[PDB]
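What follows is a single chain, given as structure tokens, in the form deposited in one PDB entry.
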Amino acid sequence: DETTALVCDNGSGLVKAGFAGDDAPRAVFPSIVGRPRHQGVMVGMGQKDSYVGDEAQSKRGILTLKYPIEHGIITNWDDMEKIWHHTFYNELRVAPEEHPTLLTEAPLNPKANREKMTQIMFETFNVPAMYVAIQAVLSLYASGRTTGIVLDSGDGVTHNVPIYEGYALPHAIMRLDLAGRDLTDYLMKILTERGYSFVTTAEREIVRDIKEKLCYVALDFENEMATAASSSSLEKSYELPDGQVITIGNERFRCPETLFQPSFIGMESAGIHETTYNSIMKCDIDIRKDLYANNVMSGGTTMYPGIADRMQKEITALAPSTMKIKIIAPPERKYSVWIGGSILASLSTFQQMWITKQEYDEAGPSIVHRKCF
């Protein structure tokens, strides 16, 4: 951690940060900025103008919240700078001018956006060297292949990213503004409609844990609903932080069913199986066969037991009857983007691939699009 390269995966909802060579990110926190709801009824009394990450989450009951990433793209730059500052100084506790930093990039990111992040990293954080890698490409590569279609379902956004020999096909990338935080919120709603009351920020955290520990994707949703209504076999008990034990039934599979049926939250969109199929269909007919046999899942929202089998069933139903369909769900898929970056940045052969501060000063902003992965 002396001069070790840093890996920063700025997610739509979660920052995954750490040191190149580690098996897991050292810091994982919300990519969110919170501001007081009212001007102030009291002076000072420890009040701050803004709060970042977990400090924003703990005080969400008295704040307005804002994600610096909108529709999967960095949008609120002063807020993103607050999150980057927090990552270096409060979470990783490093001097950024001492560490080469690898940053990840979301699908369809404009050239000017990558230039903006690079400008902030070199001029504002004074990083000695930098590198940008595409999230979906790092996950596909970490899965053991260079051609396939990545389903990246994270916190605020889900993408279908077709990739050919490490190059994403921008014309065919599909976006769904539905992922992890939306499922937590929907689980809160259906547990409330059941009679439970999860309202406070700590209760939102309990619901997020219930989702991550007990939710699953049913292979046949309607068959599962009929079993749940006639039998208690799908019921699972959950221990609350205070030791109280609750019982969860059909909410286990109704919550991630939203990914396949966005109408569950009233969202007018096709489900993740249909957007995968549509993304494959936008590509040239000759690559489609390789895409169908290489559906790779990444991101925390692809962690549900049964999601791979469900996607296999749904893509089979849409694709030609003779098409070989395969879903690859690596066990590391929750952090595959970060892990991929960690492996890369730790290689001795990578030390010559960084864009140095010297290189940036000489070639200008266009150097980030030339030095690629």
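Take the two forms, superpose them, and find the largest set of C-alpha atoms that agree within 1.5 Å; that set is the rigid core. Positions refer to the first chain, counted from 1. First, how it differs from the form deposited in another entry.
- Among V137, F253, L63, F88, only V137 lies at the hinge, the spot where C-alphas switch from fitting one rigid part better to fitting the other between these two forms.
- Relative to the larger rigid part, the smaller part rotates 15 degrees between these two forms, based on C-alpha fits.
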Given for the second form:
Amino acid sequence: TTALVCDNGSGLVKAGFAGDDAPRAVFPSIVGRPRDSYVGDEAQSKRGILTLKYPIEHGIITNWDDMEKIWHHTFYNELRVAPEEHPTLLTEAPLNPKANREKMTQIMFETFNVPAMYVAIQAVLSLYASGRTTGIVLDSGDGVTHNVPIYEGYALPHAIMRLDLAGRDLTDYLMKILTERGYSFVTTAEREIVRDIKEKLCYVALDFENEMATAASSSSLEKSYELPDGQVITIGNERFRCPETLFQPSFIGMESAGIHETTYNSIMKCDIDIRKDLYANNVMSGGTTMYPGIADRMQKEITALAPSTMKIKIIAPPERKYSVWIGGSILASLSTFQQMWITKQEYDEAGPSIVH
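Previous: the form deposited in one PDB entry; requested now: the form deposited in another entry:
Shown next is a single chain and nothing more.
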């Protein structure tokens, strides 16, 4: 019998079968209804006759009717399974309210009649996918970024840091600067183009100052991109100014700490006796950590903040866009996990509170 793994992203659902090395289904977490309903790419394609909503905002489910349609679509149309036949592992964001985890549980057992389920914190699964149970994850996704330090398999909630900036902000920022360069990217189709430029051409500079100087004195950092209208746009410093925002949130008018500071602060909130292990096990996950150079830059920044003898290591797996999903797939596949599933029988006896 096959378990399902569903990572409920703000932007993209990743779904599939435990034991597979990648999610079978990856699709927009959007539900469209006429101005019954559509989900995912079909909703987006038919946007001109639908009202589109995003039931997950900074990783928290905020519209349960629409979330039910995402999950229905996931089981029946993407995976082509009957959920009553499969143990189902779901993910949640760090700091997810208790009542939310209970509602997810109630829906899974009473609406979808799953035989068993489990809910895990996204960043914890990413740590597992890197082969670790102790470490600190930076998970940067669509609309939010978290640091989650983890000890012997469990997140340490008191030390979690949340930064209200992630990939969508970086896309908006690049849209703004390319607009000012004299192109128009405002609409939804044109937003997708900018997102694509960001994902293909952007990188994190090891030394932002030096890189700005290099961009000012030669064309060595330029790359070009053909837009759908046939115009070819060339960018230079835009490539690294855009993700520099992660380190300097002032670039988009935010007073927040950057991701290097939230990482350090999160480690410093943890027990002094585990910090050596945290510093040596910083794992990066989520789409907004995909920038070339991000790991070397974090290494440099954390080294400047940490005690001078401290061993610092940043792990940025090639698969880190899907590491949350992968961690779920590994976990749900282990013979030692099979006693940890919450069963329908247990739910019938104890109600939604069992999930904690």
